[PDB]
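For reference, the chain that follows is the form deposited in one PDB entry, supplied as structure tokens.
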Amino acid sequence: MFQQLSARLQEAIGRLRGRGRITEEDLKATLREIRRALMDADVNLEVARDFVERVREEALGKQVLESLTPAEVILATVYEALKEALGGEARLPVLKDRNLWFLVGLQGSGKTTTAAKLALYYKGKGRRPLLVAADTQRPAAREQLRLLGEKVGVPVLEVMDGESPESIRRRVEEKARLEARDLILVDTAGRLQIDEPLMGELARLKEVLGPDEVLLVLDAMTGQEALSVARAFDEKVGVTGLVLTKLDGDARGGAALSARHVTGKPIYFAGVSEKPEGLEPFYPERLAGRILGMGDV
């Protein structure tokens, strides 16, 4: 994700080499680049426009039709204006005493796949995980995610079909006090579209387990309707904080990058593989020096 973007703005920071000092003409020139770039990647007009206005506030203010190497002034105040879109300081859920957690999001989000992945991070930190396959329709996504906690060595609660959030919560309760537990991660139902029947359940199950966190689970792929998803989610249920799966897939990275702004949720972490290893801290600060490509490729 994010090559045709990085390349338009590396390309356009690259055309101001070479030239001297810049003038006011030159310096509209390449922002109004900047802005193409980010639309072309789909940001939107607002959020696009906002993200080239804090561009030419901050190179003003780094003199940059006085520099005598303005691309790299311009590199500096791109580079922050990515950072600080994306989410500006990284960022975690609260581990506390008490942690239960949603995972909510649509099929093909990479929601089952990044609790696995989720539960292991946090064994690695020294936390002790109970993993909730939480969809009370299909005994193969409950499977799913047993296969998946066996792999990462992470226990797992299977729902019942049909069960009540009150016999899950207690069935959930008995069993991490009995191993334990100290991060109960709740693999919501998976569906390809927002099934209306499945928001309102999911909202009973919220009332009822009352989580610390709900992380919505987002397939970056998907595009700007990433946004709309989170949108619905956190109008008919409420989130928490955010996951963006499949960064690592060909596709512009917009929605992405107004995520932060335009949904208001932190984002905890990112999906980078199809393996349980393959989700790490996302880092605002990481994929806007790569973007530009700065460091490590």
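Positions refer to the first chain, counted from 1. C-alpha atoms forming the largest set that superposes within 1.5 Å between two forms make up the rigid core. Compared with the form deposited in another entry:
Taking 2 Å as the criterion, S273 does not count as shifted between the two forms: its C-alpha moves by less than this amount when the rigid core is aligned. Core-aligned CA deviation for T263 between the two forms: less than 2 Å.
Residue displacement note: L247 has its CA displaced by under 2 Å between the two forms (rigid core superposed).
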Given for the second form:
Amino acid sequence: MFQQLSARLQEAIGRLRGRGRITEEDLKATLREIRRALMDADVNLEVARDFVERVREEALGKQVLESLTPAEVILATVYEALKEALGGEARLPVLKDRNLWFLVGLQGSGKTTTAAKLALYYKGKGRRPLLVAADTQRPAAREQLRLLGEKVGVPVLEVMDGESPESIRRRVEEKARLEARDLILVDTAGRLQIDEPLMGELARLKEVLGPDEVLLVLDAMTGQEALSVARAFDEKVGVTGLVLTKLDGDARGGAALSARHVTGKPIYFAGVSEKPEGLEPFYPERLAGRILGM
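Let me have the form deposited in another entry next, following on from the form deposited in one PDB entry.
Lone chain follows.
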């Protein structure tokens, strides 16, 4: 994953391999290349500075200038730096008997596809999901989820035009109660940009529906710019976790590496394809190892 970054990080580190002990000027050259690699991957400035800082300082603390295999030392410290940036320990929502989740984000971020992906994911984990197309102004948006629900074999409750959050709540609670659905996935409305009035409806919907999780869906391809809306959603609504989509089309990885710093929210899942099966729980340690070709 993150082809360009993986290639560059590995190339930079390899310069310290197969040539005996290295000089600090040798180390500095590799450190500068790593820094350039991060900047080119669209990684947050502070994250990049911190990254290289600890790689250097940790390597030096591990007597890298005296090691007979210095590239292995740097690889290890680069792995720890990567792991930190990605989130440390993997995290996933803790499900209970009743689970109502909100999928929020701008249009095109991958909300509808992710809703279905999550339905299919938990469907095979002992859960009975219910998809809810909550756009009370755009019928076309609701239809999109309707078709997807069919493909994944998961029921889709469509809200009616202008339906009040109270009517939506009672209708969802009824369907879920009568059909034994323990995982409700609400696909909320979204525009190409943050809409104040729309954000007001969203907050009101949260108040009435009382979601257990509020997943902010982010298109990794938009770079670190994708994280700009995070603050707005958390203040007005309250984001509990993130979903990074289109990671299969992201060669940089800037959004994934910067999410932690900028948003302070954990990444629960990663979208790795346009297909309903293209969903994977976010694993910081696994991803760090992959990027470094481990």
